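Asker: Below, each chain spelled out in residue letters.
There are 2 protein chains.
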Amino acid sequence: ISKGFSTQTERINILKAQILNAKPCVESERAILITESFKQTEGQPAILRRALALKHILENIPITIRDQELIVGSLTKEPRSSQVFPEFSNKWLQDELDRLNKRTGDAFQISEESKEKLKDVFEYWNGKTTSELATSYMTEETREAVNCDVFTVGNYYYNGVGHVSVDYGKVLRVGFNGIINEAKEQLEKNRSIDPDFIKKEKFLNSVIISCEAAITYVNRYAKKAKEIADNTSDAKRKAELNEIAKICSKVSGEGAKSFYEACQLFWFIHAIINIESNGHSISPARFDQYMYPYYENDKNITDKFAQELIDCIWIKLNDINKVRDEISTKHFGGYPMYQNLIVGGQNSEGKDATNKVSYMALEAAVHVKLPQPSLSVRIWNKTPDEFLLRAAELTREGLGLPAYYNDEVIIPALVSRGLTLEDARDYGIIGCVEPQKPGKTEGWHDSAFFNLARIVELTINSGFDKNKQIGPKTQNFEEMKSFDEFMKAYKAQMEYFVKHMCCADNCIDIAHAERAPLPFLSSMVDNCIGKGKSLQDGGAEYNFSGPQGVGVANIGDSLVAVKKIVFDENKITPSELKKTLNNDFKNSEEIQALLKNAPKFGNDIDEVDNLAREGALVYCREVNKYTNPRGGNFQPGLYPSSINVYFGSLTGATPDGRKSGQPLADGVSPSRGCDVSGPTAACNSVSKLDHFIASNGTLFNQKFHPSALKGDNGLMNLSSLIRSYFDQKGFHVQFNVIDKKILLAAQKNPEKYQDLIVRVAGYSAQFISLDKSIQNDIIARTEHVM
Amino acid sequence: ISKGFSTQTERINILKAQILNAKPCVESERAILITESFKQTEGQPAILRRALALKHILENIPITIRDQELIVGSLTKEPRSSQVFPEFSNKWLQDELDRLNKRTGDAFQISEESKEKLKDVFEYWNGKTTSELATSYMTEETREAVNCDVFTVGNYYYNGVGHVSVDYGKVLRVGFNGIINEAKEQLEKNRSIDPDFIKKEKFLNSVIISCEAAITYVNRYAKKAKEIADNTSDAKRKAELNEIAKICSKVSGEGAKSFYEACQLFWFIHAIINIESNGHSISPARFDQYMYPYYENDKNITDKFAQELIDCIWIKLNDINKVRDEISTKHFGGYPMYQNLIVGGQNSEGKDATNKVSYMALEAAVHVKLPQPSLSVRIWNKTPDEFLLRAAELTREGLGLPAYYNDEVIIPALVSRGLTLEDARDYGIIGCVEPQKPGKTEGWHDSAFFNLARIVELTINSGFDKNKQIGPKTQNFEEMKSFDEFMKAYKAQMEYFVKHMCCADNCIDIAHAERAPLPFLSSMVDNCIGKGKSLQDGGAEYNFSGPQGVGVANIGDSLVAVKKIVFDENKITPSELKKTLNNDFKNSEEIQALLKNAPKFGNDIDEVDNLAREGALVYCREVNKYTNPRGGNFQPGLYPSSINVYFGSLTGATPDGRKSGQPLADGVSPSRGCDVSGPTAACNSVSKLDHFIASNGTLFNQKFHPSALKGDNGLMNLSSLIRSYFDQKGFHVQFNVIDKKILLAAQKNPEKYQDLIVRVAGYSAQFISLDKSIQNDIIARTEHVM
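Chains A and B supply the protein sequences, listed in that same order. Note that full-length UniProt numbering gives residue 592 to position 591 of the first sequence, counting from 1, and the numbers run on in steps of one. Note that full-length UniProt numbering gives residue 405 to position 404 of the second sequence, counting from 1, and the numbers run on in steps of one.
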């Protein structure tokens, strides 16, 4: 039966309204402080510059405690706002200063004072960023490949890496002190005349300086809290602030003992990561697993307060924001941070791991109803029925939550990639759908987005685009007499651009290692202290790079149409198809119709489903060939963020009948309107892809009419739909459940729908913060009933 | 019989006077140009910044052709002058700007315009030098050990590395074009998706850019030569200039064919090296081996013209100069560049290699009579008598040339260190006395000077000095009951300081790799192109580091005095000795007499000779423990340059009877006045040391009254002296042959003696250019007759 969800405290409503009422802006303090520090450290190795910079920022950055908070730590004075990270790139920001507040979606404010202060920042960091070094390392051929509108390596180019779940459990246990002491013991073991230990020493000292700065940072909140307490009339609130002060003083360097201590230290670990770097997808992962012991051992706290504290963490996760350039902003719409948090699943020995915190996590989603955190559940063969039903009940709330992940596939896929069975069983999710063993991995889980549709376009046009030969000169499509010749050309186009994408990624990898190795983040991931070298320098036990294919359904539908309509049935010649496509079907609607009526992916039709499989495997097999400077292997993924709209706008008409400039399909979802056989048939279709090889993750969106979720039956049916998809080896699935009228109404009167949350792809967003183009893509998705 | 020496052309006299009449100054163009370039390349990896900076310098540095020159290429406008290399250090220069022309010796002029232009240079390079990164890499304990007055790692700290003989032979054969093409071929071989090839690619491109700039530079001379010809009336000089133009246009890219072409290309290789970096000891090495074929195949050139050409090289070798800080100038007195050039010896087959060019080199020394190059001969078992007697005849000229080197010890010593027998047989000398396989080695052959006398001082004082505990707290000398106890403490002091010396060297080693990898120099040393790695990054086939011990005679004499006067004979107690030494023998001349009268090194007395051996071995065994960041081993050397005087001024009274502040002994030579049994007895003493383990070279000075070399007998006696020493496994020997009166007269009336050359240690200098303290040390040396 459905138990419903409990009601959150009034404090939660007040804290939540601080997020929604805020006006996202760009603040300049961090930028000024890191600039000031770098000017003083020119003579220092990069790792020490990084340590000292973080110390300087942590010591002098403005601190804020917002009204009624129980969990403190704010990265910006204004809520839901963003600091600047000029160590990675900053010229885009200098270019956009005056139009940030004019954007359709993801608008940012910026004070005239901030503009003026950034001038010196732009001046100092000229030539000194990771982005500029990265470009220098790339060949000219690669630079051209990168600007062809085939792929983008922007993510780690313009901003930090992130995409990591640190060893939170460990830091919660031993505190920032424990990390420091571990670093000191390693320094002692490394006493040696071997020159190899010189650089390792600077790294270990950097870890120590960084963690000491962390302690300092926590203590500043301890002090501010007391100071506010001394100026508070209300006895209840005054006592909260005094308890905040007490807690911060303890977890400033010690490990947590009580639950409240765990929650506050958790957030400080998470917050400080986001101060050192603005790499997003900083993902809490198995929060239920490492937080539950602190809950269960706390024999005073009430379930109500434990939940309130959790709700406060939820709200804080929505306080972080990150400004991006106007182009990249299209890739990541809706102010997203992609902080993935997962509950349930199995433990190291393959037994179920559902605990009370697992359920409180689900409860928090309904208590807070904000876009963050990106809440997820692990599903496996012995998932408790009530757990899956509780997740289904969350789905019915229409927040887009939770995303569902298949242990049965992910575990073997990970072991395949070199993880032990124990490490694989303990996986969490990074960002949207990217699996890793937390505390042990530098995964690079969103190193690039790659446009598969463009490859099909270039196969047909023999690598010729906009009057330039941008790809290999593969066989003229006009002369092709078999579909096999087409697949070969398609493979050859793919080989060329995947090659330059990955080498470009490698150039960026080197740049980060060379100019932004992270002493603080590295200290919390296994092997870094022991090897005495940063994440960037290959310290992680596990290393990967993960570029994404985008346009899967488009590729399958295109390939089957080319195969059937042209090569099998000879309805049109290759020349005719090529011309119609370049003309965007102008005055050849009859040919467009033939293409549209070819079998479409998402209807359990093997002829097309298999070509979607093979079309995607071609991408995947190419990605598998590459290794990164950290000694790790590339692994492909298939998820779009919000880039399928932008990508689609850069893509000509395709053989599936899609007009030029139209959005590509999201993830591995069937194209809009193509899945006309019910959601089970679509699930069967998507499950035919190789979800094992795409171990950087695949993303499957479905959207239901609210009636489909109504009643116990609704929950039973969604649960049954999920299980059948997972039994057939699907990787991931997630559901929008919303009334179409509400989205259209939100478009017309945004101010009336400020709290409307919708699922984009691997994350949910505040609907009205999204650009109209992304809003329309979501509205246009197929709506199913059961 | 004595053949005598031929007479140089009048042109040689003119060119020589340009050198002696010059007023050495500091010029600013290079500094301004490197600074300018670095400002444009902030976003580039270090190796490319190096290449682009070299390009910018070579394109815009002032070009000078001096009157009557046949071989052209001048690093400075003013002859015998120095550019500035702010990439290594520059604050010392900013500090000394106004007192460079006030120096006692090694004085430099500098215009007010130059001082003014250097301001922006000092400003830009703040924090950005190799020296500042080096200090950053050093631990605090090491920084203090470095500033204890025990050793100095200043050489590669304040300026460039150098200390290398590039593959001149290869570049003469294939030209800068051949080097470029080799690099272009590796680029081809290296094409791959493996990320390791990314950094190698930038190295190879940098080599290409560098060698292309080398071509540009030569072409600039070609043009300037023509322009000067066009305005020269004198038909003869006009034709010389036109021929110079022709030769430069030919060797700007191509390898040489004629002998004239080889001489000019030779000089451009050598010169450009000295533009990239100011590391000294850039040593031509086996000039007679790689230049002879060009001489022998040239069927048109006359011996006279070939000799004039060689004499022109000799003079050009004196045109290069290098300004150093106040302190470092004491380590390297006499405007020294230490460009070692060796002739004779054997080949790889173990057959004698004496050729016509070997003799023309010896003749050039007498034709030119300037301090450079540091001319040397190899001696072995089958050295032809004619050759050795001819070398003797040169020694009689009183220039301090040549330095003699013993194949019989050096060859096994090198093979011991990992060279093949073929490579070892082909060794040349670097700097003063440091052997290497030219074209295959990054030797770091003068990475430090180390004060052995201070170690004796610190053993007596239990690590305590100037009221600070600067070394380990070894056993109190007062309490010692056996000489064994003394030797143990002596070892412990040695261990501590050698450790920090070598580790300081490694920090500097890393700083050079990180901020100044050299694309141009690296391209001419084996394995660099093939490994696609700079010299700084371990590209050389052979890698070493070579720190020097100073004070060998003082150590043996001190040790025997402690052993005999204190522990054997109990003439005085340890305390009494310790107190009198700290008192500088004040009011205890009777105790000083005991010490002075103890057996002295240099008289074929085993008791003291063996302690000098062991005293030195303790240093050497310590050095052998260390490896550098290029995977090479440390090897010890025993030579002083001119630092034995300065070192002596920092050293207290020692147990050999030497008063506080007095100079230490030079190289492995006996202390002044202690060798009272003739030169043969002295060679016998010195030959008892381990010359095999000190494979970075040992240096032995003797000084003869000119009567000792009179007639055929004199020559025979010198030759017999040398043979007897080398038969007993001496490493090296060199001779001053000069009237004491002449030196004394040079002191009183310098302007009367501008062309007086004297041997210092491993090099000859213009006597009047040397500070008084070094002049006096040399005058005070023991003067022998046969």
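Among these hints, one or two may not hold up.
For chains that are exact copies, the list does not tell them apart, and a pair is met inside one copy or across any two.
[What the hints assert, rightly or not] Derived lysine-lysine pairs resembling DSS-like cross-links, with alpha carbons at most 30 angstroms apart:
{"hint": "1", "residue 1": "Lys689", "residue 2": "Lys742"}
{"hint": "2", "residue 1": "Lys565", "residue 2": "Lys579"}
{"hint": "3", "residue 1": "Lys474", "residue 2": "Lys201"}
{"hint": "4", "residue 1": "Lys753", "residue 2": "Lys129"}
{"hint": "5", "residue 1": "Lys467", "residue 2": "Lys258"}
{"hint": "6", "residue 1": "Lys492", "residue 2": "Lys103"}
{"hint": "7", "residue 1": "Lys40", "residue 2": "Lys118"}
{"hint": "8", "residue 1": "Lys741", "residue 2": "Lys467"}
{"hint": "9", "residue 1": "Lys626", "residue 2": "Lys190"}
{"hint": "10", "residue 1": "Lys200", "residue 2": "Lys500"}
{"hint": "11", "residue 1": "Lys474", "residue 2": "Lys247"}
{"hint": "12", "residue 1": "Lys532", "residue 2": "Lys200"}
{"hint": "13", "residue 1": "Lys742", "residue 2": "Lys305"}
{"hint": "14", "residue 1": "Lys40", "residue 2": "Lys116"}
{"hint": "15", "residue 1": "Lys773", "residue 2": "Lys469"}
{"hint": "16", "residue 1": "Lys597", "residue 2": "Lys116"}
{"hint": "17", "residue 1": "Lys474", "residue 2": "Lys185"}
{"hint": "18", "residue 1": "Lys357", "residue 2": "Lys482"}
In short, the hints are calculated from the structure, not lab data.
Asker: Please go over all the hints and tell whether each is borne out by the structure.
Answerer: Structure-based check of all given hints:
no.: 1; hint: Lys689 - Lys742; verdict: neither (34 angstroms within a copy, 102 angstroms between copies)
no.: 2; hint: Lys565 - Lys579; verdict: within (15 angstroms within a copy, 102 angstroms between copies)
no.: 3; hint: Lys474 - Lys201; verdict: between (48 angstroms within a copy, 29 angstroms between copies)
no.: 4; hint: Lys753 - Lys129; verdict: neither (45 angstroms within a copy, 57 angstroms between copies)
no.: 5; hint: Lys467 - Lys258; verdict: neither (63 angstroms within a copy, 53 angstroms between copies)
no.: 6; hint: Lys492 - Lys103; verdict: neither (42 angstroms within a copy, 75 angstroms between copies)
no.: 7; hint: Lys40 - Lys118; verdict: both (16 angstroms within a copy, 23 angstroms between copies)
no.: 8; hint: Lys741 - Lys467; verdict: neither (38 angstroms within a copy, 86 angstroms between copies)
no.: 9; hint: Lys626 - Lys190; verdict: between (38 angstroms within a copy, 19 angstroms between copies)
no.: 10; hint: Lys200 - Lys500; verdict: between (32 angstroms within a copy, 17 angstroms between copies)
no.: 11; hint: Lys474 - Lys247; verdict: neither (69 angstroms within a copy, 47 angstroms between copies)
no.: 12; hint: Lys532 - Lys200; verdict: both (11 angstroms within a copy, 23 angstroms between copies)
no.: 13; hint: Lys742 - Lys305; verdict: neither (36 angstroms within a copy, 103 angstroms between copies)
no.: 14; hint: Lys40 - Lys116; verdict: both (20 angstroms within a copy, 25 angstroms between copies)
no.: 15; hint: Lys773 - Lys469; verdict: neither (32 angstroms within a copy, 74 angstroms between copies)
no.: 16; hint: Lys597 - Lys116; verdict: neither (51 angstroms within a copy, 78 angstroms between copies)
no.: 17; hint: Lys474 - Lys185; verdict: between (58 angstroms within a copy, 26 angstroms between copies)
no.: 18; hint: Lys357 - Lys482; verdict: neither (62 angstroms within a copy, 76 angstroms between copies)
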